[PDB]
Amino acid sequence: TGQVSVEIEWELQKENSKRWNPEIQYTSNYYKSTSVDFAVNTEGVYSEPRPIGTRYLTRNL
Amino acid sequence: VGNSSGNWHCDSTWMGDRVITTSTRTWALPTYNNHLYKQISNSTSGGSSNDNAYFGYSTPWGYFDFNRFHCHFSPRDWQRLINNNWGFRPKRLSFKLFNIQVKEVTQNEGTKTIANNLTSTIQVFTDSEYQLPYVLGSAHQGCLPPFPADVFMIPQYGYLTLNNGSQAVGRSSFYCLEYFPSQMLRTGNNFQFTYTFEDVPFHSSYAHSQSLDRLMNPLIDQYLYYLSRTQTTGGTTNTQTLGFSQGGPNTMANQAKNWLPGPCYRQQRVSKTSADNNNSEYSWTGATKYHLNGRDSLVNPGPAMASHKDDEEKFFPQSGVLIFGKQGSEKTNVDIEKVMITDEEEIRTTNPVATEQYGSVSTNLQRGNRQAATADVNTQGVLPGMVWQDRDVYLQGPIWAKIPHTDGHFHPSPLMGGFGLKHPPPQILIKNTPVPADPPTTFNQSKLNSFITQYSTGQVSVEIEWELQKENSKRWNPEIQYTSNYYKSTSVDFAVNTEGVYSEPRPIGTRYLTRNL
Amino acid sequence: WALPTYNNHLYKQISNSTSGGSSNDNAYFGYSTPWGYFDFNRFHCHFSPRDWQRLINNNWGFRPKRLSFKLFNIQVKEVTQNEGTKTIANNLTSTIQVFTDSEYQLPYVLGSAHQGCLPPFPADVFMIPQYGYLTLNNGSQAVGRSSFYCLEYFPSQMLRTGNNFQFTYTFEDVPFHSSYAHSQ
Amino acid sequence: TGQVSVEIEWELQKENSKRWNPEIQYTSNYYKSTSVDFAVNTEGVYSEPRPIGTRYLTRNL
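Residue numbers (my numbering), protein chains in the order written: chain Z, 1 to 61; chain S, 1001 to 1517; chain W, 2001 to 2184; chain G, 3001 to 3061.
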C-alpha cells in the first residue's frame, strides 16, 4: 500500500458579460436541514445530495 | 461650429486585385418612448401561440443597419465585379461619422417652429467584445438606402431573451447599454473608428462546368465491374443467375463514381401558375418545419438547395429560397407580381433539388421467397465524401452574420449565404441625449418625465477594402455575362421613374462566370 | 441632471412657520438657500445589481480608496410664458458657479439618506434637490450662538457653456467593512 | 442642465476559506416570473424585487 497525488494546472476564460440583471448561481438552499449537504452522517459515510451541473452562468449567444 | 467635420468621400475604385468602396448617406434621429425602457411579450400582441411567443425590451436607443450590398455597390460596378473575378473576401472596414446637428420642436396651437439647439448632444459607442445581443443577420428593413441621394431614419432597437409564453424564466437576462463608455458628441465635433476583418474563405461566385455524374471519360470504361444481371435472359425461362459487366460509355449511369452529392431537406413544391397547385391551405400545415422546445418553427430558407430541375420554371420550393419585392410593396397578402423570386438552377451541378427525393435505399434482404425491399429518402445527413456549394448571394441580399459563440459549430457558412465570423464587425448605437423641461420650484422625490422633444441628424460613410481572385480560365468559347437587354424599354433599368422613386427590375445573382469544376 | 432656480435667488428663515404646530420635539430652525447640491451617498448609484452580486460572492471585505469627479456639457435655458404660450430656447451666454468644501466649514447635509440620490437607474434623469441647513434652536426662536452662513462667501470655479469642470479627492485609511457571517 | 459622472477606486480582501461544503450565494430564483427582476415593466419604471444584503459568504469566526 501507500499514498499518491496528482497535480493539474488549468486555464480559464473569466466572464466579461455586462448583463445588468443579477444572474443565477449555485447555492445550498438556506432553509434548515437535519443532515447537512456533502457532509457525513453520524456514521461517516459521505454522500452527495444532488448531481451538479456547470451550465449556470448565462452568457450572450 | 464654423467648420465642416470632413468631406464627402464616396466612390468606387479599383487599383488591381483590391477594391475600395464607400458610400455617404444622410440620416435622421428620433427619440423613443420618451427615453424609457419597456417589456414585451404577448402584450401589444397577436393572441396565443407558443410559436409566436416572445420576450424582449424596447430601448430608447437606435442603431445602424447596413448588412446588405446594394448599399455599398451601385449596380454597374457590382456587374464589373461579377464578370471578371471568381471570388472575393472583404478584409478592411473603416467608419466615419460627422456633421451633426440638433433640432428641437415646440408644437404651439398646431404652429410649430423648428430651429436648432446647437448646445445639445448625443453619445455613441461600439461593442468590440460582443456582450450585447446581436441584432443583424436578420435582414431587417431600414438598411442604408439602396440609393444614395435619399435619406432615412434609424430604426429603434430591441432584443429578446429565453422565454416561456407570456412569462420569462429566472435565467432570462436584461441589459442596459447606459452601462457602456461612449464617445460623447456635440455638434461640430466628429467621430470615427476602425476595424479589420479576419481570415475567411472567399465565397466562390461561379458555376461548375460539369456535374457529379459526368466527370469521367466518355471514350473509355472503368476497369471494374458492377452487378448487371439477377436472372437469366435466353429464351422463355427464368432462373437465378449473375451477370457482371464493366462500365461503358453507353451505361454511364451505372459507372462507379468517387464522390457524393450534397445534404438535403425535402420540401413541398408549388407553381408560379396559380391553377396548377392543389386547392388546400397548407401554407402552415403542409410546410416543412422543425420542432424545438414545443415551439414549432418553419425552416426557411433552410439548407443549400436547388430551386428546380430543368424546364420546371413553373415551380420552386415552398419555403426553400429567397424572395424580393419591387419598391412600393406593403406588409401582407400581396400578390406574386409585386414580388421577385430567386432562381437556383446553378446548383443542379452538385446539390439536390428541394422538391426532389434524395434517392432510394432498401429495407430488407431478399431470398427466393422474400421480395426486394425498396424505400425512399427525403431526409439526409452528411457522410465522408460529400461536397456542395452554399447559397449564392444577391445584391439586394445580406452580407454576413454572427456565428453563435458556442462549443460546436460546423461549416458555419450562413444559410441566407454570406460570411460568418467568431468576431464579426461591431454594432454601433446612438440616441438623442435627454434634456428635461422646466422642473418644479420645490422638491419632488420622483424623477422626471417632461422633456423637450427633439431630433438630430447628419451624414455618414463606410469604407470597405476587399480581396478578389481574378479568373484564369482558358475556356475558348465565350461565356455568359450579365447585361441589360438591348431592346427598347419605356422606363430604364435601375432608373427613377418620372417621380423619383428608385426601383430594381430583377434581383441579381453572382454565379455567372463558369469555372471548371 | 437638471437645474431649477429657487425662491428667485433669495434666502429664507425656517421654524414653526410653513409648519406643523407645537412640539419641542418637532421644532426646527434653518435657512433655505437659492443653492443646490449633489446627493449620491448610496450604492445602487454606482453598482448595477449583477456586478454588486459579483462582489458579494467572492470577497470578504472592501474599502473605497480613490474618488474622482467629472462634470460637463452644460447648457442654459430661459423661459418666456406669454399668454400660456411659452417658447424655450437657449441663452448660451449665461453661466453658473460651483465649488467644494475641502475644509468642511459648511453644515454637512449627507448622512441623512435624503431622497433624490442619483437615479438608481442610469437612463432616467433628475432634478437637483434644493439646499437647507439648521442651527441650535429654541422652539420658534433661535439663540445668540445660533449661526448663519452664506456660501456666496466662497471661491467658485465660474462656469459658462462649453467649459468643463472637474476635480479629485482620495480617501484615507478605514477598516474594511467585513461583509460576511460567522461560522460559530 | 447637463451630465456628470464619478469614479471610485476600491480595495477588496478576496476569500481564502477552505470550507469544503458549498456555501450559500445570492441568485434570482430559477422558477418563471411574469415580470423579470430589476427589469422595467411594460411602462419603463424600474423597480427592485427585494432589498439586498452583503453578509452572504460565511467565513470562520
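The reader is advised that the hints may include incorrect statements.
Here are the simulated DSBU-like cross-link-like pairs (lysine-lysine), alpha carbons at most 30 angstroms apart as the crow flies [unchecked claim]:
id: 1; chain 1: S; residue 1: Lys1447; chain 2: W; residue 2: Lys2077
id: 2; chain 1: S; residue 1: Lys1447; chain 2: W; residue 2: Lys2012
id: 3; chain 1: S; residue 1: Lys1402; chain 2: G; residue 2: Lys3032
id: 4; chain 1: S; residue 1: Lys1103; chain 2: W; residue 2: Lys2012
id: 5; chain 1: S; residue 1: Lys1447; chain 2: S; residue 2: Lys1474
id: 6; chain 1: S; residue 1: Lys1257; chain 2: S; residue 2: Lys1289
id: 7; chain 1: S; residue 1: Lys1326; chain 2: S; residue 2: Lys1314
id: 8; chain 1: S; residue 1: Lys1402; chain 2: S; residue 2: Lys1112
id: 9; chain 1: S; residue 1: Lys1488; chain 2: S; residue 2: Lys1272
id: 10; chain 1: S; residue 1: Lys1038; chain 2: S; residue 2: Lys1331
id: 11; chain 1: S; residue 1: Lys1112; chain 2: W; residue 2: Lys2012
id: 12; chain 1: S; residue 1: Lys1338; chain 2: S; residue 2: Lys1314
id: 13; chain 1: Z; residue 1: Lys18; chain 2: S; residue 2: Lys1447
id: 14; chain 1: S; residue 1: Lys1309; chain 2: S; residue 2: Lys1338
id: 15; chain 1: W; residue 1: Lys2065; chain 2: Z; residue 2: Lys18
id: 16; chain 1: G; residue 1: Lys3032; chain 2: Z; residue 2: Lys14
id: 17; chain 1: S; residue 1: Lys1289; chain 2: G; residue 2: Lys3032
id: 18; chain 1: Z; residue 1: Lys18; chain 2: S; residue 2: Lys1091
id: 19; chain 1: S; residue 1: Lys1038; chain 2: S; residue 2: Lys1103
id: 20; chain 1: S; residue 1: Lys1112; chain 2: S; residue 2: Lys1096
id: 21; chain 1: G; residue 1: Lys3032; chain 2: Z; residue 2: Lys18
id: 22; chain 1: Z; residue 1: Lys18; chain 2: G; residue 2: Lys3014
id: 23; chain 1: S; residue 1: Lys1096; chain 2: W; residue 2: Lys2070
id: 24; chain 1: S; residue 1: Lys1257; chain 2: S; residue 2: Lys1309
If you are wondering where the hints come from, they were derived from the structure by calculation, not from laboratory data.
Evaluated hints:
1. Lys1447(S) / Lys2077(W): holds (20 angstroms)
2. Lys1447(S) / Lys2012(W): At roughly 26 angstroms apart (the allowed maximum being 30 angstroms), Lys2012(W) and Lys1447(S) satisfy the hint.
3. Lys1402(S) / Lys3032(G): It holds: about 29 angstroms lies between the C-alpha atoms, which stays within 30 angstroms.
4. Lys1103(S) / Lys2012(W): Since the Cα atoms of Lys1103(S) and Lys2012(W) sit roughly 40 angstroms apart, the hinted pair is violated (cutoff 30 angstroms).
5. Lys1447(S) / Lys1474(S): Violated, at about 74 angstroms.
6. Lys1257(S) / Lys1289(S): violated (33 angstroms)
7. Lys1326(S) / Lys1314(S): With Cα atoms ~20 angstroms apart, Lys1326(S) and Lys1314(S) stay inside 30 angstroms; holds.
8. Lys1402(S) / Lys1112(S): Roughly 44 angstroms separates the two Cα atoms, so the pair is violated.
9. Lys1488(S) / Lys1272(S): Roughly 27 angstroms between the alpha carbons, so the hint for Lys1488(S) and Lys1272(S) holds.
10. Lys1038(S) / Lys1331(S): holds (25 angstroms)
11. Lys1112(S) / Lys2012(W): violated (41 angstroms)
12. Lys1338(S) / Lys1314(S): Holds, at roughly 17 angstroms.
13. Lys18(Z) / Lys1447(S): holds (25 angstroms)
14. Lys1309(S) / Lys1338(S): holds (25 angstroms)
15. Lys2065(W) / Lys18(Z): Roughly 24 angstroms between the alpha carbons, so the hint for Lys2065(W) and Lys18(Z) holds.
16. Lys3032(G) / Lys14(Z): holds (28 angstroms)
17. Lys1289(S) / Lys3032(G): holds (28 angstroms)
18. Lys18(Z) / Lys1091(S): With Cα atoms ~29 angstroms apart, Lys18(Z) and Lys1091(S) stay inside 30 angstroms; holds.
19. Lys1038(S) / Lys1103(S): holds (26 angstroms)
20. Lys1112(S) / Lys1096(S): violated (33 angstroms)
21. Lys3032(G) / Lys18(Z): holds (22 angstroms)
22. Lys18(Z) / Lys3014(G): Distance of about 22 angstroms is within 30 angstroms: holds.
23. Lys1096(S) / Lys2070(W): holds (28 angstroms)
24. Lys1257(S) / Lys1309(S): Measuring from Cα to Cα gives roughly 21 angstroms; hence the hint holds.
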